[PDB]
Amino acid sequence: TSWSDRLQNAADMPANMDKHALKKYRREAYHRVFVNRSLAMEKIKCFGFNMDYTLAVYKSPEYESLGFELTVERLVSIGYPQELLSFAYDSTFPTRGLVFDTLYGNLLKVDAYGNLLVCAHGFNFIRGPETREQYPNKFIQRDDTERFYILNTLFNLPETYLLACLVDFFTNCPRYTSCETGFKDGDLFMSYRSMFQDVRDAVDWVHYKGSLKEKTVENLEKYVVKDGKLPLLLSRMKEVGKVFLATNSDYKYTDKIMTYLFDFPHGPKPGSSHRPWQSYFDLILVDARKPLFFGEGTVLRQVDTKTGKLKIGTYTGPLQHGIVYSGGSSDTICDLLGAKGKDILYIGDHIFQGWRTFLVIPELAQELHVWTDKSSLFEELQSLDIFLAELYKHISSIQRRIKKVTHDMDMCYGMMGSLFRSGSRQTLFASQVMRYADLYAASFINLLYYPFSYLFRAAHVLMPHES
């Protein structure tokens, strides 16, 4: 069961909206909204949305698999060897948030402080003594952005796997000779950095210039989760505040996707008349150019919605319906909606004054199921950790047991472990979720199970001396 199977299983449920129905439903972890920082819902005046992996949850492993194959085909088409065509996408290998080391050709899982949790070269997992040869203190400086690339997004999933496949292919194929920083074909030296750049370029091309969008849109049932509860949540939000869409996609793609997502023989609830997806938003903005959108942005433009092209000129005046914007900035959205900063909840799949944030983490659906299965393994980890400290206070192969249990726990998630941790150690990714997302969940649909004056309450944080 993929995480998107879990989302699609819950998506097939009709909404029972009775008071205690919604109450007993948000006991179940997969349907809860988790809280890093308290947030009074009653004080939210606008709800903003990204499209991709937020409203439009691409099905897994199919969509990753499509991205992977189109990227492989782009690499072959620009000169990569034919053997690449025999790769097939394996959803059990990649974990989101890995670091690619372009110097050595390794994928690294790290904590917030640069400590290495997992190191793999191709499909070989480096450990202990041999890791320290390339990572002296088992440490990487993540802000050496010229060397290390953080594979942070869900669109980075196929290329996470592809990079491993390639290092493995060049490392094991006898045409090639392995080096520390790349590989030779006869006297021809190819660095892992050049190779990483070709992949990155090929992923960009598939998205901006290749057939990814085209192939998605011809089979939306295969590639995109559809949930009848979407128009219901959005119409409920529009009762209590304004709703907006800000997406990086162009207008034609957004329209095709959004039309599919609202394509039910009904509107908010069954039995009601269907309405156009545009009717659910007070403001629709495409070609947003995030993350630049959140800074200086680009000039505000306006789409001719019959042609999908930009108008010559932009409607100057106040917010009125019918209009679709393009570019601009998040500050321009505030001005148009008449609401600033903490009055705004922005719901998206990516971790980037000051809007409140709801982070959708689609993997959380499967992570939650494994987490509860492993509870014993984690509890033992805590005990060993506690007992180890007891020994040092005043033979001591508790360390090897700690190493063993940590591996076992991790393998249940896939080869690169949990998104959020390796054994008792939190990932870079988990720390950034905690620092940057006020609220997070497997799906934003989970908001539907809470009343709109709900006070989301974070646990009181105490310093070590306060506890």
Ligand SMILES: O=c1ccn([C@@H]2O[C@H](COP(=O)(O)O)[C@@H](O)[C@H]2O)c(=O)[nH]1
The other form holds:
2 protein chains.
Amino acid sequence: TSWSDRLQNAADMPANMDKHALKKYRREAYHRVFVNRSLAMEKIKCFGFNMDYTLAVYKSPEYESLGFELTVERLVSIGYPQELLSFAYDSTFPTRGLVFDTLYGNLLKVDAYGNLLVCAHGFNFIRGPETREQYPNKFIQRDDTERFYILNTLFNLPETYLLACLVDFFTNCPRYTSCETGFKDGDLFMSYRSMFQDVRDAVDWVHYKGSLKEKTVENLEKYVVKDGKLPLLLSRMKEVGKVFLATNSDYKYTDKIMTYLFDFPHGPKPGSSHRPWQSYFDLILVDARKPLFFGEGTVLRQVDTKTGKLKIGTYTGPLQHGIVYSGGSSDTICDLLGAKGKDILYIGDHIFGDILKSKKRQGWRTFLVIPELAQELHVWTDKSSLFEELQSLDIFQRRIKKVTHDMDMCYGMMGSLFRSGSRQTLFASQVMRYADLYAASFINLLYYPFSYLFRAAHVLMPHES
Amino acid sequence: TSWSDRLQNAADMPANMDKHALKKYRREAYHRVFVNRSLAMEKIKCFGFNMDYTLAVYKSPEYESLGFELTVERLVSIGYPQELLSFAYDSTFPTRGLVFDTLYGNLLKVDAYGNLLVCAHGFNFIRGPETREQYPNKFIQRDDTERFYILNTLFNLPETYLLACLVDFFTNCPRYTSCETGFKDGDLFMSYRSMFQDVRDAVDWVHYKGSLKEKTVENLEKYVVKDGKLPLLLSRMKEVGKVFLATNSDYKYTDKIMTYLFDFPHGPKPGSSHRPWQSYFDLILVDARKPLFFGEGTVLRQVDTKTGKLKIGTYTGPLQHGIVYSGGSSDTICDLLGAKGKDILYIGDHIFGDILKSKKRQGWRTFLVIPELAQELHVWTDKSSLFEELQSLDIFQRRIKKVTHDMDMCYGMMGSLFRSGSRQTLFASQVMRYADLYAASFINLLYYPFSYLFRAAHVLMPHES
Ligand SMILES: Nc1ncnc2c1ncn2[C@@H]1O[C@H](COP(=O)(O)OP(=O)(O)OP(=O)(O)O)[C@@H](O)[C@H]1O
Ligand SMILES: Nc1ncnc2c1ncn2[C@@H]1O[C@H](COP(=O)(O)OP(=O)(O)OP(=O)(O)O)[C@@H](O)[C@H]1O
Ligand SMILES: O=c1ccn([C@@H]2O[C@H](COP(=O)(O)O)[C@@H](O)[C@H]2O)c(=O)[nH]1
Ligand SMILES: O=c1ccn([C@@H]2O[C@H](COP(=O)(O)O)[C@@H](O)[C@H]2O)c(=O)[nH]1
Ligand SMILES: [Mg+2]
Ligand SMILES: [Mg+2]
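Condition change, the form solved without the ligand to the form deposited with the ligand bound:
Full complex below, order starting with the chain above.
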């Protein structure tokens, strides 16, 4: 059972819009919206959306496994050894939000202060004192962005595994001599840094010049979660405010995915005329180039939606019906919709590119969709006497390490997305700090009334308490 | 009554080192160390110190008032109008941690997300909708470091007031026409940005080329808080670990101040031989140039302590007794003392330069000294039914704004260092995030045993609770 199974099962359900069933429904952890800072839903005048892994949630492990297969095939085609063809994707290994240390070739799970919670060199877990050799303070300088790469998204799940595999393969293969910063093969030296770049280029290549997109769209039911409730939610939002789409994706791909997500023999509710995905948005924008979008951005262009090509030149007209934009910046959206940032709830999945940057650069209100929260919740309960037990020992050592360990293993080899025992990861700390609201899915907003007040409790400093 | 009066009164007291009086003493808010993250005192192998506003706490409003007087005299000497000579320092106006917006010439108190809590143009307080003209989202981009200058320290207290004064003076003086970004005087245009720079240069000039240092050191009792307990604390620390000094200050000034702080007719305890300040430290370092010290730093030089001049060349020898260093980097200290960052408790007063940067760049353990916490605490109690009242309304609007207002006024015109009603400032949020421990004074560490465990409670995400 994957988080996409959980998500697809709630998606295979019709909306009961009785105000008594609605409130009842949101009592369940799974259908709940979580609050980091208070948010009055009535102040929101614009609901903003991203597509990939937000509106379009790719199925797991199917889509990761596809993306992995093709990156291997791109690496092998450019020269990596044919053994790679025998790797297959393992969804039990990679946790999202890991740092790849391009110097020493380790996958690291770290806290908000660069403290090491987990260290893995290929599939070998470095523990305790072995690690202090490379990390003498058990700590990394997050500022060293040249050395440390953070695998923020569900798109990096396959590359997270592939880096482990690759390090494993060259380590255990007797043609290659392992050194501190890479591998020697005769007179060729492959650093972890160059291997990492090759992988990073290959993923990018599969996404942009390979066949991941063509393959995804030719079996959509296999790769994308479809929900009858998405159109109903959007139509409700359009009643009380403005709705927009801003994706890094191109128009032709967005149109294939969006079309499919709205493909039901009705519109918002059963019995209503179907309408095309584009009637649900007041503003559609593609090739957004987030996070640069939340700064200077790029030049505002206009899509020709017949050819799926950009019209030549910068677009200098107003918002008219049917217009599709490409590029521009977050200020385009505020200007065209006449909104302030605090009037905009922006729903996305990329902690850095979507949520962090819109919050800090523009002060927009944020909603982080976290699809693994479906399965992370299920496990947080059924092992709450493993947690509540670890909790207890802290109050009351070698028994603390042992219990941390098996707590995490339930999540997988790399542990919870959110913590390693009693220690919170960087990812968690960033969700708490930048995501005003968060949930397993944005559809959870359907179970809350029009003018709800999400309440977080006020924070007190230690001397204040 | 100033926080320096509070601090000086606890400094005019002898140490009762009975383990029963000690524990009793630290029960008082004022003599307490506050915990942001758990810290086991027995893991600390090196206690590190800064001098200015840490070991040497300047008296208030005397030192601020001196520093203000001389910056005015430097501005007037370079061309600012003689009216400035009639300004006098007002300790009730400036709160530490304000942002100066060099575009529009406003002093702003903001939260951790760049939200506007208080806005002041000179001495006129902008409220509600008037402000939305210049800040349409009621928010500032903290990243715009070119426009927004953060007044982090007790050294910026006089310049915080002077900027208010200056904006006030040109606004209300009929020789100058007020524009959006500065003042017109005939064919001369003075922007707020250039005024700000002139002030910033003048403060720096007083500190480095003017007579603030000569004047301070010729009446030390007037300007510096002296405490018999400082030598005792240091000697206790030297028993269980290593002690170092790292200051941005030069040796000749450090030697004048340090000498005076140790000037008692005994050493650690009454009855013991006096010893010179330098015997208390295992490593002394001057002209540290923090925060650059916590990165690349500068070239390690060696002080000639007879002339107070730098020896010529880079220093390439080991730590020997009596050696005084200048420049270098945080790695010099770890190398010379053989410490890891987590073995180092660093006690300082500059949230950015001392605490933030040592924590993030090096993972050192941090202790923030916050001298206004003496007076901020006194007022947090005696108006806890103003807070507890505001607290109550949030649960249960125009009555919320009115009550926020008079809560703050107790602290001064610019409010609490830590909050504006129920909203925490950037300063507070940064103390919570970067300062493992904090207190009104570092001397508070004397009231805690050798191997104490400062405990903060574990943090839970909303879905985790
Ligand atoms: N999740 C992320 N993915 C990619 N880049 C990031 C992420 N988080 C931060 N960065 C960027 O990496 C750089 C180095 O990290 P740094 O620790 O200075 O950032 P930070 O966000 O300010 O840390 P903190 O969480 O302590 O505030 C910064 O430019 C930062 O914005
Ligand atoms: N108190 C401060 N004084 C001076 N400069 C600061 C201070 N705090 C942050 N800065 C620096 O100002 C710049 C712009 O602010 P930004 O909001 O990106 O920083 P930040 O610390 O990452 O914010 P956050 O608190 O959200 O993590 C950064 O380079 C940041 O490190
Ligand atoms: O390594 C990569 C390379 C490309 N993309 C692309 O980023 C887009 C994300 O769009 P959105 O989430 O802004 O809608 C997708 O088209 C995807 O192909 C990645 O996410 N990761
Ligand atoms: O605007 C200024 C200019 C100079 N300094 C100097 O910085 C030093 C702070 O030293 P420390 O806190 O690192 O010991 C002092 O000598 C002081 O003169 C300031 O703090 N602010
Ligand atoms: Mg996305
Ligand atoms: Mg200092």
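Shifts are known only where both forms have a C-alpha. Note that the rigid core is defined as the largest set of C-alphas that superpose within 1.5 Å between two forms. Residue numbers count along the first chain shown, from 1.
**Q** Might you check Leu84, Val217, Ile150, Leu319 and identify the only one whose CA position changes by 2 Å or more between the two forms on rigid-core superposition?
**A** The residue that shifts is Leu319.
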